[PDB]
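Asker: Residue-level listing of the chains:
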Amino acid sequence: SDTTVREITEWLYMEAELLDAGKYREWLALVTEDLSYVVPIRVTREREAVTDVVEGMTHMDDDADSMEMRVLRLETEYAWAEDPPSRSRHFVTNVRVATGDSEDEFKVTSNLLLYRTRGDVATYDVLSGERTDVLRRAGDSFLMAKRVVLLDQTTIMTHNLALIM
Amino acid sequence: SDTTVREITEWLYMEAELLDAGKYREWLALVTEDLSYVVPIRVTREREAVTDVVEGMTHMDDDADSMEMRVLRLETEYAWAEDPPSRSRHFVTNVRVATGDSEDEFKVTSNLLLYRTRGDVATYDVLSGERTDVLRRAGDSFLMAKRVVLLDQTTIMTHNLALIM
Amino acid sequence: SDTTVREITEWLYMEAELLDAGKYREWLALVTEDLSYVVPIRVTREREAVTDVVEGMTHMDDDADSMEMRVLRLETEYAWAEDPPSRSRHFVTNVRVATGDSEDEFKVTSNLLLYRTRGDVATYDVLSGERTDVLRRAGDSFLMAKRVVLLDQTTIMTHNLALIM
Amino acid sequence: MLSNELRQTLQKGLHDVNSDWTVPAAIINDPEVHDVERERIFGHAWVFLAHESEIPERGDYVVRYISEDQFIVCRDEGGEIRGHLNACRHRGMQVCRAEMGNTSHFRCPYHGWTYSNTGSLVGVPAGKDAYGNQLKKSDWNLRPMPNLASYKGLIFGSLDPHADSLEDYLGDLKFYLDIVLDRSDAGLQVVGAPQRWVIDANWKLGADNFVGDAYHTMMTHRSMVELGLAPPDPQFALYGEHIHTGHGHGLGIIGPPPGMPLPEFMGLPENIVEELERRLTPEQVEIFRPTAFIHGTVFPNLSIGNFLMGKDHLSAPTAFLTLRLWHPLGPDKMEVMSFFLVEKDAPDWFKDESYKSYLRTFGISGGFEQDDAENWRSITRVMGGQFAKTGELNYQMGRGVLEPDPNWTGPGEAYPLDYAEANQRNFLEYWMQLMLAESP
Amino acid sequence: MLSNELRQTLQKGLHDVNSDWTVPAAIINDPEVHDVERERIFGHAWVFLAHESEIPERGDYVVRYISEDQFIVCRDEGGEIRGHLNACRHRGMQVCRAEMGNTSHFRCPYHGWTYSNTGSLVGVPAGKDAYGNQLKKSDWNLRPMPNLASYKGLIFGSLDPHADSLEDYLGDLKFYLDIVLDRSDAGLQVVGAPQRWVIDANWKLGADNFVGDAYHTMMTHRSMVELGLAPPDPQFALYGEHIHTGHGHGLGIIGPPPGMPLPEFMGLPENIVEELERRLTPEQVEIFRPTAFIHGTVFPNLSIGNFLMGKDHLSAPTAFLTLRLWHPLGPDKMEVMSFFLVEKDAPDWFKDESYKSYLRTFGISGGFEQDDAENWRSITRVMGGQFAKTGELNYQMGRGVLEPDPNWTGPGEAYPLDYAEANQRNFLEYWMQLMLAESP
Amino acid sequence: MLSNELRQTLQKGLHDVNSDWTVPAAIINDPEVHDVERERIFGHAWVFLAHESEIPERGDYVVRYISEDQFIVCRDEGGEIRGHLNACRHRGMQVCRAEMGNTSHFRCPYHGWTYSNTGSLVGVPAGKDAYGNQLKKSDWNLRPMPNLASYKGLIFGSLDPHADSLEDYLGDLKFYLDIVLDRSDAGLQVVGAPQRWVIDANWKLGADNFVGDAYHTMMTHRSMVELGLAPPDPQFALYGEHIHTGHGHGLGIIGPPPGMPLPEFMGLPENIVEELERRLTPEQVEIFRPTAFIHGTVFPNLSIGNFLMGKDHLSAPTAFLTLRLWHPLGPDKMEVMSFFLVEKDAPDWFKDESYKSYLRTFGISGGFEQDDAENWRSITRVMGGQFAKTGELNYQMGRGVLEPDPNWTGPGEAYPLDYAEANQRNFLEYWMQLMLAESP
Ligand SMILES: c1ccc2[nH]ccc2c1
Ligand SMILES: c1ccc2[nH]ccc2c1
Ligand SMILES: c1ccc2[nH]ccc2c1
Ligand code: FES
Ligand code: FES
Ligand code: FES
Ligand SMILES: [Fe+3]
Ligand SMILES: [Fe+3]
Ligand SMILES: [Fe+3]
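Residue numbers (this note's numbering), protein chains in the order written: chain A, 571 to 735; chain B, 571 to 735; chain C, 571 to 735; chain D, 5 to 444; chain E, 5 to 444; chain F, 5 to 444.
What the hints contain is simulated information worked out from the structure, not anything from laboratory work. Don't take each hint at face value.
Simulated DEER-style distance windows between Cβ atoms [to be verified]:
1. C:673 - B:620: 48 to 54 Å
2. F:145 - E:7: 29 to 35 Å
3. E:263 - B:623: 44 to 50 Å
4. F:250 - A:625: 58 to 64 Å
5. D:126 - F:22: 26 to 32 Å
6. D:15 - E:109: 33 to 39 Å
In this text, a Cβ means the ideal position worked out from N, Cα and C, and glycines have one as well.
My request is simple: use the sequences and hints to build the entire structure.
Answerer: Here it is as structure tokens:
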């Protein structure tokens, strides 16, 4: 690819920079009208078994309307889960860019280490996962058509998933 | 930018490589005579409120003389806080290079996850923050004019800030 | 180097992608018949003292035959230490590529943060280290001649080293 | 070991729960309360484990808990429901280290003792060589969960062998469980797997929330009231009912205002309201005809939620069922295990629409439940200091106004509105009764 | 609930602290000592919370602690200082989840109970609808901190309502607090916010360090002796004074050698030494004329540091004030909350220079304090095994040499040098007296 | 402090360990058991610390533990072995913060008290200035490890001054320790440093494994049976011997089948079997001639492993010695400290080959031990709930078949196979005896 790597990689850093800054509405300018943002459930199974990932159920399964509600909720001044806001850092590493099912689409895989902290108590949360995105072209930048955050946990180590990954 | 990205990015990895290797004196050859290395204090406030960051007070606010004292201290053989030295890893991720206020200056933003360990006990510390640098040109490499390590914590989860970030 | 950076970097991400996916046999197609995969032991010593790293003893010291045994063990259906498999994430950051002792060899240094989780319990393990590799050229890709995983711990914070780093 | 100070404050509370209508705050975040609660409440009461539709065929198992105790809940090769303790008889290793699956046998990794999913030890490696056939297998089978029973799908378990049968324990609540579980011929189904996550909040706070807290909808879920996903009328719960039973149980039913027209029954598919009209008592159907929210807890830590709610700010509401465990991890920690159930014979369109109403409102990432988890986790924080544990929780809503409903057509003590805390007081009363009980 | 073994070793210690001049080592890292300490020391003593200059205008609040108890410390709309407990009266939720701010009201997120910053419950949602006006608000206001009082700016708090007034509790120390707090007309100010961080060390070790440990300057802060930031003369503390009061307090004053000339007063601005000459007792001014370091603790866990020190290896020393809390998180954990105070009317140049002397020497990243935190955290580690808790801490400095100063012009028991540990022994004596006290 | 419930279940177990041949399961993961165990077992028994070859020259030290207590184990400048407590006499700071090294003196960082590696305090900064020479140094030396003794290299330590000499404590086991430690003139050597890592498993489970668990080789190490690194014959242990002593010790010897030819002695170098033939009792050599696996524990938490095993699936087996500590960190945590020893005078080729047989099989990344760590860590998990602690561990192997060997030529109670659990039962019996002991 090259230079599309430089451009997708810097998109993923700008997306993270918006998310850790609390600018969710500005983040929503990314994403596509047919967005699919899903966070699968995982369960401990043996190596033999076909798969780890639960089918039919999810931690978060948004389209663009439902994702717009999620941001709409946070723009209200009664979003207690985040109204003294979290301190998050999205650590986007291991970026792997590869061509898409169509032209101008790219399957963009990253490793995420989300670091979450909540107000003055001396504890922190760490979510580790792998996002598998589909970045469409839109103008001289990209738009997110789909994301699958597959976390490295079965029992999730945060009290809620109020942060976008 | 390009290629200036490749050069600032590998600067930031070499800087980290010097810091995790204990070579603080060698690190001080970077930094500028008008250096400003600051680590702001943060408090939980609501989304509404203007800002998170405390004004007037800091965790660390060094210029070049004060920073030279900090390295001078560690070159002595009675720097107990680090004389059986820590094991640190500076995880520099999400590097975003952008043009400066002047020519030959660049605003260099990275995400840091500092991992700290101290001698045989089965515990570790993790500092997570975002450094906002200003890298000047000096010859065929760069020199650091300013850094602002803004950590994702209000109550700091380490017993002291004896490591440079 | 350049472009060899883009290629070694994406090698290290693909290697990680194979390791977190449990494809250890496929990973063994990398590595070289004179492979040396070593994980040194560390002890707290003072700054003065010559070195941190224990000589003569190791946490893991494989050549290609011994490494093939390690993958062979996991391909059997009685590898209890991993047979309900771990969830791991290999966070490869701070990649520094530099020319080798020979031609077509490169000394490839990365920072690793291994995140490990084991089945339903609400606890996680984190290994932090620095790998110093030697990547040989083989065709239009690379092969791993040697690795030294030097972890930032003296007392290791996992119950066993059943995961390749 | 109840200490002298805890006994005294439990007794003072048992007095105040019916007279002052408050409860001692020391009961939320105490290491001492928690350890006593391990035996007194969770060591006797009927705790939920799995739903029968999680394990349909032979061999299917799930690994579930009563407090720290890990139990394989499975359907053995003879077809029956079993609840084995997940600890080998030899040296006490986990015979099963997955959380879900399907297996005929359970081979223990340590020495090799193979168990059927039936429970009985079938094979000991080196029978002649080591033991010389002198090992009697029948005496070394996976400890059966002392008391095991299901109610219309719901597999409850109890650690006390001399405890009331599960049917007696649920008692008059069975009437209300039925309107939620017994609506269709094919039964309810658990879709996929529960969401399992860790809140840093004492379990009783979530359990307290579902028994009868509709009052909170307006402040904590104010964000959702603004988006049109929660009832905008500040007196929406007043069109409701406040029922409770003995054994600490209790629920709350809310329907729509007299004018506001909402489909009869929660808008459930044409094909299942036909089945519910004949499957449920003629009275039960009339209670369910207008209802739009049903929220309750089946004592210890299982809560039911049957809410008519929207999947986003632009969609009409559709109904969803959710069962959830407030699993106690410590004094200031729980693990939510939130299930989502739907009628088997319901159309795929409704199965899909009902699941998106659950997801976007309740569960780990819900717009409703994420604010609930922030409130509970903060109550627990502050309720962990000594000056705070001195104070008291106020449950005085309705004092000198709560008149039992003469017109109510179902069992238990009902009140003719949903702004009440008589459910939560009764829940804590049984909590306290079981706490002090020197003899079960 | 003060076990038999702990009572005995506390009594044996109370005997040894004045006779052998040692203290039992079991008092540093014990889970049992800690829990008893929660009630005995922190449940009665006067703990520091905020400085009045942190909350100047109406509405301004800070959230501060006595042990695990979280208290809003604020200036209500009437102008007065309030210390509310940060737990709602309804279900005990955090009414405020920031650590600092300015608000007129405190709306509780759970159900909506709005409180004034005054304390009194002003609004209950659904007053008529839920409670039917039968809710009396006046009885459900934010629990006032039992005892609340300020001393020359310092807002102290106590959990015991039958305890000595703050003025009586400080007692004869007030004389020395004055030379630090009462120097100027406009008062002292806390700049910005405290540094808050977590050391893995028992709190008493930092508290022990400030009461009278100038002796340590030379080995632990040897790094700084080599750079010229610490006094190079091995007997620098000998030109000093070792004062203590009852109630465990105590301090230590060091000035420069007879020859060595240092500006009168710590070199404080011309305009504030003019104000300090008239504001303080003619005797107090003469004690402060030569001084260069004042280090003490106001019993439980508040420590004062007034040190004349340099901002780096090339700058002349400038004075700084610091108040710090050694907040107890557990047996082997504390949270330092280190404040920096400067006179309001001091020039901006001195305000900036004084702040950089603090930063580079004390606080989280200081060259001095970072070594202090390493020593405390390592004492705690090893003092956590059984064979170690058997031993004893040695406080024998001056045994058969300490003669009280006949020439000292201030209250309390003074000694004519700063190489002594009579301050630290008295600190632990009061610690032990409070520990055993069956009745306060 | 044994509580009433724990005393009763310990007594019930002491009864069952010889009669029913079971043991109460409550002894694996209890916070109460663990605290009692701290004094009763580790506060009295003889715990291993270091090997004399880790500290060959003068000044060499290692930092080792008895439970939470940190001890410098070193060779002072006079040549002798010292075991100092690693806590200063002044304020109890770590006088040494490395884990290994070589130093003549130990300067404490806090105040400066310098100690010789000999133990005695040699220098107190400000002797005249602070203390006025009134400080007697001799009374303030690093507390000597109450009881310190070595056995043929093995530096054991004990916290009880009135306890049996290390020689008497080992008792009849000395006979078997010899065949492992006393084989060559120059002695055994610890190579490099131990692997130190954290398993989340109670320590007794590893200790229980080595005393006499060869039975497990086949299921848990089945992976290794398939690769040809473990004995393929399901009755390979039957050609073995099940020895134990008093004081809880015990081991297990396995040799090859009558047909299968393996080199005499473990294939040890020509030059060391010559030295072992004359160094050991003529009987001892005959026990060692056929042996291929020796596995045992020296009571508390030290385990020996002398296994003839391959470095990979394509190499012929070579012998390796390993000592390992199961250091107790908490009820459900231990820290393995696994050493690897080899004869000093053994050829480099064998030193290298022996080390690779250890690495690839046992230790942190071994193909064998990594499965052992998974089994122990899972037993501990499930053995941490109340219904599980109610059950019992089964130790019934051989009940009504175990006949002591009349033909055995070594001390202690031997059985003529290795498929037995009479070692493990005796290990737990001594464990329980020490537990109940009101007087040592
Ligand atoms: C809507 C209405 C009332 C309720 N009680 C508990 C949850 C819930 C949702
Ligand atoms: C300088 C001199 C003496 C001291 N005592 C405590 C801190 C401090 C600094
Ligand atoms: C091989 C044979 C028997 C054993 N007992 C313990 C470890 C071990 C290895
Ligand atoms: S503990 Fe299960 S077979 Fe041994
Ligand atoms: S908990 Fe504060 S309003 Fe109910
Ligand atoms: S504590 Fe060691 S010198 Fe003071
Ligand atoms: Fe809610
Ligand atoms: Fe100091
Ligand atoms: Fe084994």
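Asker: Compare the structure with each hint and give your call.
Answerer: Comparing the hints with the structure gives:
1. C:673 - B:620: 48 to 54 Å: Distance hint for residue 673 (chain C), residue 620 (chain B) is violated at roughly 59 Å.
2. F:145 - E:7: 29 to 35 Å: Cβ of residue 145 (chain F) to Cβ of residue 7 (chain E): about 31 Å, so the range 29 to 35 Å holds.
3. E:263 - B:623: 44 to 50 Å: 46 Å, holds
4. F:250 - A:625: 58 to 64 Å: Taking Cβ atoms as reference, residue 250 (chain F) and residue 625 (chain A) lie about 60 Å apart, which means the hint holds.
5. D:126 - F:22: 26 to 32 Å: 29 Å, holds
6. D:15 - E:109: 33 to 39 Å: 38 Å, holds
Hint 1 from the list above is the single one not met by this structure.
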